[PDB]
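Asks: The residues making up each chain are set out below.
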Amino acid sequence: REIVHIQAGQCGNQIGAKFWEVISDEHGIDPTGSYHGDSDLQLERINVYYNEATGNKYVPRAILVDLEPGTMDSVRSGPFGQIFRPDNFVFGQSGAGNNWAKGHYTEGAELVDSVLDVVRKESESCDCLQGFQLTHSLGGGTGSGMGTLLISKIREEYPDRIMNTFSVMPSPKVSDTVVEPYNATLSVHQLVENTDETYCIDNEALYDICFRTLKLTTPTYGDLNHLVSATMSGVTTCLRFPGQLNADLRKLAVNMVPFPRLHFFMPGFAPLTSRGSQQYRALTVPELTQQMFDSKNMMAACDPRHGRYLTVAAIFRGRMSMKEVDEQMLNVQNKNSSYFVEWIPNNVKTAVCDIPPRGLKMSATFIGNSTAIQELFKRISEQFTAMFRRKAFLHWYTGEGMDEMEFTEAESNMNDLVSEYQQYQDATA
Amino acid sequence: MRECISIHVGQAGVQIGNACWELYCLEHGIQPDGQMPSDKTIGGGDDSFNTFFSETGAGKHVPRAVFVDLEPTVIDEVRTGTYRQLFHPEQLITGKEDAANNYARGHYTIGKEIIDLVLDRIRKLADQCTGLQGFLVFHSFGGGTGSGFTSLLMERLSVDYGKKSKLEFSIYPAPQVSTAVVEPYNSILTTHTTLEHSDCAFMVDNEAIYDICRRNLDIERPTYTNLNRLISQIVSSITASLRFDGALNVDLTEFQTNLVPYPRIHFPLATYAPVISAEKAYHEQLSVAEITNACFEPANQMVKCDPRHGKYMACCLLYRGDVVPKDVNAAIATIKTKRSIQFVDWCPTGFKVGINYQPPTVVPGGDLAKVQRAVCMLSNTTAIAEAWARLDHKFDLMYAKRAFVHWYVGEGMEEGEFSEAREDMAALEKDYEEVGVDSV
Ligand SMILES: CC[C@]1(O)C[C@@H]2CN(CCc3c([nH]c4ccccc34)[C@@](C(=O)OC)(c3cc4c(cc3OC)N(C)[C@H]3[C@@](O)(C(=O)OC)[C@H](OC(C)=O)[C@]5(CC)C=CCN6CC[C@]43[C@@H]65)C2)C1
Ligand SMILES: CC[C@@H](/C=C(/C)[C@@H]1C[C@@H](OC)C[C@H](O)C(C)(C)[C@@]2(O)O[C@@H](C[C@H](OC)[C@@H](O)C(=O)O1)C[C@@H](OC)[C@@H]2O)CO
Ligand SMILES: C/C(=C\c1csc(C)n1)[C@H]1C[C@H]2O[C@H]2CCC[C@@H](C)[C@H](O)[C@@H](C)C(=O)C(C)(C)[C@@H](O)CC(=O)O1
Ligand SMILES: Nc1nc2c(ncn2[C@@H]2O[C@H](COP(=O)(O)OP(=O)(O)OP(=O)(O)O)[C@@H](O)[C@H]2O)c(=O)[nH]1
Ligand SMILES: Nc1nc2c(ncn2[C@@H]2O[C@H](COP(=O)(O)OP(=O)(O)O)[C@@H](O)[C@H]2O)c(=O)[nH]1
Ligand SMILES: [Ca+2]
Ligand SMILES: [Mg+2]
Ligand SMILES: [Mg+2]
Numbered sequence: 002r003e004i005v006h007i008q009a010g011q012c013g014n015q016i017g018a019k020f021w022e023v024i025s026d027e028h029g030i031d032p033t034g035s036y037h038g039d040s041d042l045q046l047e048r049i050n051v052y053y054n055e056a057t058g059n060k061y062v063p064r065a066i067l068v069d070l071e072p073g074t075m076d077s078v079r080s081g082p083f084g085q086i087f088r089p090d091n092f093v094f095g096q097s098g099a100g101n102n103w104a105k106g107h108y109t110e111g112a113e114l115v116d117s118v119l120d121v122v123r124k125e126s127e128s129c130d131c132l133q134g135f136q137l138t139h140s141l142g143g144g145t146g147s148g149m150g151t152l153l154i155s156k157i158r159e160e161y162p163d164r165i166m167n168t169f170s171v172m173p174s175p176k177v178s179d180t181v182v183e184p185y186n187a188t189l190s191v192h193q194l195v196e197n198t199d200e201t202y203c204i205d206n207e208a209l210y211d212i213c214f215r216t217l218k219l220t221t222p223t224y225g226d227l228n229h230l231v232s233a234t235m236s237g238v239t240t241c242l243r244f245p246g247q248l249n250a251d252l253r254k255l256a257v258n259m260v261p262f263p264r265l266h267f268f269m270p271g272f273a274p275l276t277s278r279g280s281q282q283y284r285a286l287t288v289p290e291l292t293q294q295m296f297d298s299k300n301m302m303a304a305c306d307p308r309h310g311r312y313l314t315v316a317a318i319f320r321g322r323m324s325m326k327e328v329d330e331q332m333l334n335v336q337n338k339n340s341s342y343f344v345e346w347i348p349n350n351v352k353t354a355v356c357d358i359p360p369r370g371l372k373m374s375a376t377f378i379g380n381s382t383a384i385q386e387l388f389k390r391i392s393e394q395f396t397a398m399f400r401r402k403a404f405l406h407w408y409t410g411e412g413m414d415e416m417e418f419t420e421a422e423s424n425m426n427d428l429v430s431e432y433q434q435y436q437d438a439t440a
Numbered sequence: 001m002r003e004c005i006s007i008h009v010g011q012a013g014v015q016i017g018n019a020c021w022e023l024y025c026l027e028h029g030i031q032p033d034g035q036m037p038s039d040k041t042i043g044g045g046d047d048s049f050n051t052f053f054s055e056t057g058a059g060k061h062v063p064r065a066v067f068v069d070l071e072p073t074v075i076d077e078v079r080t081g082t083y084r085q086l087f088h089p090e091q092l093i094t095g096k097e098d099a100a101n102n103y104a105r106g107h108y109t110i111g112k113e114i115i116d117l118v119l120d121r122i123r124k125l126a127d128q129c130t131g132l133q134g135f136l137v138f139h140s141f142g143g144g145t146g147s148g149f150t151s152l153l154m155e156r157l158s159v160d161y162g163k164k165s166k167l168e169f170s171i172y173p174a175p176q177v178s179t180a181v182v183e184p185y186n187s188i189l190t191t192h193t194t195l196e197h198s199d200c201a202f203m204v205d206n207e208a209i210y211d212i213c214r215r216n217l218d219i220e221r222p223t224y225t226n227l228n229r230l231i232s233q234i235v236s237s238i239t240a241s242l243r244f245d246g247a248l249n250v251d252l253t254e255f256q257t258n259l260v261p262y263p264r265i266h267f268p269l270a271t272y273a274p275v276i277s278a279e280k281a282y283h284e285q286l287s288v289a290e291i292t293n294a295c296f297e298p299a300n301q302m303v304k305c306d307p308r309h310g311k312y313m314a315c316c317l318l319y320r321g322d323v324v325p326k327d328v329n330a331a332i333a334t335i336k337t338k339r340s341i342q343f344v345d346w347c348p349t350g351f352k353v354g355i356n357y358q359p360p361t362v363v364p365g366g367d368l369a370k371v372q373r374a375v376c377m378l379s380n381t382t383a384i385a386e387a388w389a390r391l392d393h394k395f396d397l398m399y400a401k402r403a404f405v406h407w408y409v410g411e412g413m414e415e416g417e418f419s420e421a422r423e424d425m426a427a428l429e430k431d432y433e434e435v436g437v438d439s440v
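Quick mapping for you: the protein sequence lines, in order, are chains B and C. Those letters in the first sequence? Residues 2 to 42, 45 to 360, 369 to 440, by PDB author numbering. If you read the second sequence in PDB author numbering, its first letter stands for residue 1, the second for the next number, and so on.
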């Protein structure tokens, strides 16, 4: 039932805020936490993400963390910034300097217990807490280093709850900072061991979509983040709205993750169409379905045609006949059955929800668990070793007390993870 | 928060600090008596310029700075100049007798008689900070005070503030304006003593600056006044990240991550464009493309060397003024192809780019034309080792005969300190050689 949400660092707080902004609009909540909705379908499951305060006020079950105040003020002074519980702001002053070691071991060490206190206070207010969700980037210092420290501490207090993260991978196409492959590799190591489900949101993929597909010549984080919030709303539809699915996070993990370490998901969203003459066409289910599976629509920069899907979850939203959706989804599998492993029968599932996202008559959200995600970890691995071969920029991390061995076993873990994906790409029945 | 304390040491450090603080005041609209009519928060505030200015109850904006010199005549000019009302008398510290161009007198004989007092004034400034970021230290290599006292100060700052970061702005000697025959000695001694206490040092070669002023500004015989005004533009560009805030502005600490791949390799090469007079700029609108291109001309470097003959480990471009991302992208795309920019194979991302929207400003009566856009490039190239080579050769020629060494020995130094300093320089030249070699 209840989910506790944590956003850490600049990126995590940025996309975390847009997420609450978007789903608040869907559930008919205004920026002061009052309900102004029509359908009651919007309150059926409102308690999943919102706490009910005195006076018919719904407040997000959200914890906001950062090692510097800047983004705290930014969120607090924005649209839907007043909706958040004021106790649930936990920030420092030092900042992490895009340094994983500062977030994970030195500066974050002091703030971490304050966060666990708010986490603990929210968990005890839950009827039956099902688990946690974290938004953060892997390329920085706070969301990457301190976000993973939070995951580790939270898992130790709630060892049987589901742990789920929306994790933004770094790309040289978007960001300037040379040490990002270092931060990401240390983070991936923590994620393979302490999360149950991780959505891989690749800034490299988000950039190609905005630049190539959407024709945005000067992409901003606001553009990228509006893709992320749309996808985050889509993948959480079946938690926040009733209908045909009696599903929570654990059931999703059980049916999406056939092997413990292989829990990194490839997300996608339809529709995506550049401005503007095509923005007025009516979307048909056949078109939604082809777009959803198109490699160029994927939100992790990896070619799904290079590998195989272990499992797929697809969710459609809006007014549409389920018969059309059924036929179309079966068409994709029957006509391209070599891209789905045959040792997992009937391994693509569909859910349809009546309420559509704001601004769209229809939409589809894609959750793919594909062996091709290895391309993402290979890319980060290449950048890592090019630098680590010569111990370049290592002093920023050893000056915080870290050893070289810790880097060696992080790259080691990621290389094995790559190997594991490769072995089911060639596994046959 | 994130305050920065500036320390100006010796003649060059003091006179360059004067040029910088006048430029800062013009940029922020601070008047020579410290009033800032633009500032609404009186008594304090957490604004961006507050990293460099504290405020008094009466509305005075006071440089977070210390000027120190072993004799008085230079700082005396500050005490009586246009901005005399800007500083509290205790921020200006002078002795009675200078180092006589002798590192040993600056580090020991004279320096030891004023060091405690200087560290005290600094503590008083640090105590006014809520989140002290670190220190900026301005000094010459060649002066007795710029070399010897600056070394003592830096060693003391490590002891009193631990790992707190210290950045240097150093004047590298040039015969066209050099005041002493022994400046290579003082240069190697201070560089040896300071290497492990400095996080990042920006070297300015007086000959490079001298030539730029002659060629680009049309000044037949440049003075310190010409040199410092140009230097201050470079300093303003580097600190502009801290004093202003913009959506595309990127902080100097993020540049430092990219610029320093190993502790000892912390000497970025600076360039600045456009450097042009009012006469020539009257009929010449310089585009992002033109000023970006100028950053890669060997003759525009702030230290004489040839980066074509070296390898880059980082390029940071600090744009300011009328600049939009689209123009920068095209400019760099052009440079990548028309140029031979070679990066080491261990640096995946070589370029880092930010825009500060605050337009460049100039002091009235200066020699620089007022332009709409400017760019400062900080790069880390192995070519900067050429400057170490040239210094070390002048050292070796004199030291082989022990010329002038009796002046340092007479003050308490040992010869071992000389050869120790020189051997450290030898390792530095080698370090620049090994980072440039391709990976196995
Ligand atoms: C989505 C957030 C983003 O806005 C995405 C880009 C980068 N930054 C901020 C804004 C920005 C951009 N360009 C700037 C130039 C100066 C100052 C700021 C910018 C941005 C753009 O043009 O649209 C707004 C951009 C940036 C780049 C960018 C594209 C881009 O917008 C299209 N490139 C993908 C890289 C880049 O390195 C590259 O690989 O070539 C294409 C690219 O190189 C060249 C020659 O263009 C370039 C351009 C300055 C060069 C060096 C540093 N790298 C980092 C990323 C890259 C850039 C957009 C963050
Ligand atoms: C589905 C498995 C795995 C790859 C396959 C085989 C998928 C199959 C179907 O996916 C929608 C494609 C579909 O049948 C079509 C051919 C009608 C179609 O939509 O193809 C895309 C081109 C796409 O480029 C990426 C293609 O290469 C691709 O992705 O193919 C536009 C256009 O091309 C002519 C055409 O309208 C992706 O999950
Ligand atoms: C493609 C879209 C709609 C659409 C497709 S066909 C039709 C009738 N409508 C949606 C997609 C939404 O998931 C959201 C992400 C889109 C990002 C945009 C905000 C983008 O930044 C911007 C440049 C746009 O593309 C438009 C503002 C033109 C947007 O309305 C169209 C779009 O992509 O939104
Ligand atoms: N760019 C620049 N260089 C200067 C300036 N003043 C002195 N120098 C250079 O600095 C060196 C001399 O060191 P100074 O700073 O004058 O000496 P000091 O630190 O006062 O040392 P002592 O007087 O010996 O105690 C020479 O190379 C000069 O060319 C100045 O205002 N600008
Ligand atoms: N998609 C997206 N990525 C972001 C955003 N802000 C920062 N990033 C990315 O996050 C990384 C830097 O981490 P950041 O969140 O800034 O650092 P932190 O505050 O230390 O966690 C880089 O790869 C950035 O490109 C954002 O709003 N959206
Ligand atoms: Ca103020
Ligand atoms: Mg950041
Ligand atoms: Mg002097």
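Calculated directly from the structure, the hints in this document are not laboratory data. Check before you lean on any hint, since a few could be wrong.
One side of the interface only, derived from the structure: several residues of chain C facing chain B at Cβ under 8 Å [what the hints assert, rightly or not]:
hint, residue
1, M1
2, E254
3, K352
With a straight-line cut-off of 30 Å between C-alpha atoms, the simulated DSS-like cross-links for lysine-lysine are [stated by the list, open to error]:
hint, chain 1, residue 1, chain 2, residue 2
4, B, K372, B, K389
5, C, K336, B, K389
6, C, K163, B, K402
7, C, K311, C, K280
8, B, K402, C, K280
9, B, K326, B, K299
10, B, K402, C, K430
11, B, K176, C, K60
12, C, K394, B, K176
13, B, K218, C, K40
14, B, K402, C, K164
15, B, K176, B, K254
16, C, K338, C, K280
17, C, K304, B, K218
18, C, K280, C, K326
19, C, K40, C, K60
20, C, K311, C, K430
Heads up, the beta-carbon is just placed ideally off N, CA and C, and yes, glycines get one too.
Asks: Take the hints in turn and mark each one as holding or not.
Replies: Cross-check of the supplied hints:
Residue-level restraint check for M1 of chain C holds (minimum Cβ-Cβ distance to chain B is 6 Å; threshold 8 Å). Annotation: interface hint on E254 of chain C holds; nearest CB of chain B at approximately 6 Å, less than 8 Å. Hint status for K352 of chain C relative to chain B: holds, with the closest Cβ pair at about 4 Å, below 8 Å. For the hint pairing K372 of chain B with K389 of chain B, the CA-to-CA distance comes to about 38 Å; that exceeds 30 Å, so the pair is violated.
Annotation: proposed proximity of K336 of chain C to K389 of chain B holds, straight-line Cα distance about 26 Å (limit 30 Å). Simply put, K163 of chain C and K402 of chain B have alpha-carbon atoms about 21 Å apart, close enough for the 30 Å limit, and the pair holds. For the hint pairing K311 of chain C with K280 of chain C, the CA-to-CA distance comes to about 34 Å; that exceeds 30 Å, so the pair is violated. In summary, the hint linking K402 of chain B to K280 of chain C is not supported, as the alpha carbons are separated by about 48 Å, beyond the 30 Å threshold.
Between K326 of chain B and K299 of chain B the alpha-carbon distance is near 27 Å, which keeps this suggested pair within the 30 Å criterion. Straight-line distance between C-alpha atoms of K402 of chain B and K430 of chain C comes to about 17 Å, which keeps the hinted pair within the 30 Å bound. Distance check on the hinted pair: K176 of chain B and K60 of chain C sit about 45 Å apart at the alpha-carbon level, beyond 30 Å; violated. The hinted pair formed by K394 of chain C and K176 of chain B fails the criterion: a straight-line CA distance of about 46 Å is larger than 30 Å.
For the proposed pair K218 of chain B and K40 of chain C, the alpha carbon gap of about 43 Å is over 30 Å, so the pair is violated. At most 30 Å may separate the alpha-carbon atoms for a hinted pair to count; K402 of chain B and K164 of chain C meet this at roughly 23 Å. For the given pair, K176 of chain B sits about 36 Å from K254 of chain B by alpha-carbon distance, which is inconsistent with the 30 Å threshold. Taking the CA atoms of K338 of chain C and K280 of chain C, the gap is about 26 Å. The hint holds against a cut of 30 Å.
At roughly 44 Å between alpha-carbon atoms, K304 of chain C and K218 of chain B are farther apart than 30 Å, so this suggested pair is violated. With a C-alpha separation of about 27 Å, the suggested pair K280 of chain C and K326 of chain C falls inside the 30 Å cut-off, and the hint holds. Pair hint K40 of chain C plus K60 of chain C holds up; C-alpha atoms about 12 Å apart against a cutoff of 30 Å. For a cut-off of 30 Å, the pair hint linking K311 of chain C to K430 of chain C stands: about 14 Å separates their Cα positions.
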